[PDB]
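This document starts with one chain, in the form deposited without the named molecule, laid out as structure tokens.
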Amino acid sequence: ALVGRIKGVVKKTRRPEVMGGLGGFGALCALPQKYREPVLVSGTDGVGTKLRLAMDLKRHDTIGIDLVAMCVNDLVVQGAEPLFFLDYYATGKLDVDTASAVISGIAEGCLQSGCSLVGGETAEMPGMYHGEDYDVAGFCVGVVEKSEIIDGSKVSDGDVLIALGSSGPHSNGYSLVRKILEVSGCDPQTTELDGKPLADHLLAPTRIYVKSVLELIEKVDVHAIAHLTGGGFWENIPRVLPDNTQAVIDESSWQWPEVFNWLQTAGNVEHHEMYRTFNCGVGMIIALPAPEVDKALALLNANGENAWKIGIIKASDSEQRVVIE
């Protein structure tokens, strides 16, 4: 049934090291040959309330990309190469059209990451799920060379922070995006922003930074990388900060994409909250030595990325680990 319409999208995602999948409960996959001492990096996550917006706008074609990007961008932060993906789709009444669009979006995300969709599962539970509601869980396994693991121990006083632009709100803080639409009485599809509906900017699929980061890591000495998700700047930057260091972000270095401006105005959101809930145009923050900055910026900006020097890291025993000046 559903397996019939997704056999293709899943097979065109297969890698040379894949041996099995979708036949039983145990996908087979050999380790990439380049690794001498391979270490498996893994993580799991979901799309969040963005799923509930997708339902509202009746568009499930890009939600699968947000799913993969939330797992894959957290793996590359340690220099891991996304090997394979798996998904647990949960629903009450299985809508084939809907579930095929989501798996289709997951295939797209996997094709961009270089990893493959080797398996998954569709669980029907009429009792726990009302209406067309569904929840998708993502799983991803990546491989990294033991001696190449980025642990952030090299980060120190003097490091410059480089930022990679986002495609929009990505996949976090959509509880507040909904709350704002509700209190503002705004219809996403009717209101237009920059010659395109507000619904397009909000539903815009998360940016996958995998190939650009795997390339950057090899050509430049990277000390740490931080994926901005839940908690925004305030939560995700200290995760890569060593003891006695403060991250000073330069707010003038960039211009917030119109969606965040719209979300701040319509919601009358405060400075701190905006940097907590939304990525404000910054999806990934990289720390590297000062001499490596010019090479890093030129590499990224010449290969489909919007990169800029967003700040620096200084020695400080302040408890306020991040400062947006």
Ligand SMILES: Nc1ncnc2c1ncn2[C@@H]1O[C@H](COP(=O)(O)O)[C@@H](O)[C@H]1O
The other form holds:
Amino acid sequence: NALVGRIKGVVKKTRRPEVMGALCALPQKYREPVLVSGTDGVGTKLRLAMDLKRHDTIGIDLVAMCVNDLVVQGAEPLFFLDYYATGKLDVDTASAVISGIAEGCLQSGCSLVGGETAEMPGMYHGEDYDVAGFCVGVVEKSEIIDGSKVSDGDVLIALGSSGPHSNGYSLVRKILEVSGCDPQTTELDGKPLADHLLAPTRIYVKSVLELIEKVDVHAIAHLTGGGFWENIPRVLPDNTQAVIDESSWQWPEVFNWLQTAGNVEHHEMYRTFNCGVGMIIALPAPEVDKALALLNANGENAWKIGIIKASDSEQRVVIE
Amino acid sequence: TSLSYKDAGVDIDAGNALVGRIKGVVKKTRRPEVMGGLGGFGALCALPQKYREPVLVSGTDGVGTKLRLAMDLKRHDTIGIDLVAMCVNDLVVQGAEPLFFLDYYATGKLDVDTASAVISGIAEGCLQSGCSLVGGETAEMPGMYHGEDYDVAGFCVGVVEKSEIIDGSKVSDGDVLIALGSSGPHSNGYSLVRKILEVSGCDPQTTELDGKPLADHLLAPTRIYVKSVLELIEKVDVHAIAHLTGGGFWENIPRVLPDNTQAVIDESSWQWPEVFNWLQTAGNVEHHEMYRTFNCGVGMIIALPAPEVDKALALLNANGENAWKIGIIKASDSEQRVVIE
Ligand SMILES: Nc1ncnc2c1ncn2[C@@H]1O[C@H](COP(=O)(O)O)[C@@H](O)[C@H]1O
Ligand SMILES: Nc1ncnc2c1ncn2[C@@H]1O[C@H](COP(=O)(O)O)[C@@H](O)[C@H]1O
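Pass me the form deposited with the named molecule bound as well; I've looked at the form deposited without the named molecule already.
Time for the whole complex; same chain goes first.
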């Protein structure tokens, strides 16, 4: 009861004109609208945000995981829901989470149109909580990005990440335990290590939506669980191989610290962590200069990261 | 020593292995509108052609307290049906046709057997609802979920024509109320069920009720009313639909009724199913509390004009529903919204 009164303003402030047990009409511009949907959790980053007592941006990570997966197919995020499960409801912690959710929905252009708070005393111990996200997007049927147009000679453009995002934090913590350092006191390029690790996931919705209107995009890969190895081949057609130019960008320093402190090997770094790349965009080579100029001039760190070449190799991704 | 994800406790390919097993039961729920398959970054589904001004109806749910009792008695096949039922039954309240469903599964270490049986119930509920299971998420949080505990959440999206949204405005003095029988407590009132089971010292497995174990009455999967309600809206003027969930008769009936209207419930029009008499006896529960906590055999109530009752009862009973006239609507002169007599 004390929660719904505090979150009524954050639901109303995200309301789109299409919003009217949650009612939402389709945007008027779509002729053959196709609905794009997905659900997600934050992951182990919750328990790291709990240990540091900072839940401010954890709701941004939840929305970002959703909406970045929708926009891969060219979908425009429409509305969002959450399922907040906890043992004993901390009104202050839940309000901070939902506020971060509202902030992520505003960056995505979608409305927080409802949700539920459930209390399970025997299941969750302490003040722990698990939040499930749900987003629905709309894409024009003729403009769905399926990756079939990915051909030999396409160039890969990377979008820089704000940090580890919401994947790999089970290894992050395990590295913190063996190293035995305080993330709040361990300074790292002028900031504490905790700030590098708790940085919310970058939301790529608006910049990728602008890119699709202006250049011909063949495929987009959101680097989440599994990193480069698992997520890049999901958008590759048969008999294609992505060759990442490792020298084309420097790792953000947080990933250097994680490798040294955990003695993490090369292949494992690119599986568990994004290593500074939030998304990879496959597009024809003549479109690259237009895309790089658009993305970099509109709040993104974009650079040429690799190429797609014809290859029947079973190793679909090469990082050399 | 080179640390890795293997040294921790999350296995990304555990959910990938679960998706590897459940691809069969998921594919069987696929609708013609569904495009693509599992594994992609997002689930694709077109709008049904019938809607010229389609409005999307969405909801999230969790079976909650009933999930606790399902683990205790070590039965997790029907709890997926309960998850879908609470979603899809709420969609049709406003006239929405269910389109697709997603689920969020969280636990400590993933038991692929336990999860696949839960998903199989979710897929079965989607078959009954006419919607598709088009995606989900499987998260492993070893420190947060102790023992074999797991938490599942459901999300659903339905479609309704803009000009046909049911908002209770068409409810008028004289509308006859038709009840749809429930299959049991459905998914609400299970904190009181657990309490009654404790104060009475009752093991619901070694306790027989009408020849069946009491655990079969308590954990009966929620009845899904989607196909019956959609046909009702298509063939009969439906003014309001009450979904008796948390809060029983007192809370859920006025939620769909317009202001200055009152629902009069004929208590003699039905007898409580035996599971509710047991819960009332074993807990010494006031009947007013039973009408607040449990649905008491009535899962849904439909408001419609009086001349259309016989046709509606004919349709509902034809789909295997337990339908009967439960009451009427009358103008509330600033009175009580629900009256059971
Ligand atoms: N965690 C949450 N996030 C957003 N909205 C919520 C949440 N929990 C409840 N609500 C909203 O609060 C109202 C009452 O929800 P309930 O308590 O489930 O009846 C509805 O409008 C819900 O959508
Ligand atoms: N519990 C689940 N039930 C149904 N589908 C799922 C579940 N978990 C994951 N999926 C689907 O499996 C695919 C793999 O998702 P990801 O784990 O993000 O690679 C996606 O299409 C998901 O929607």
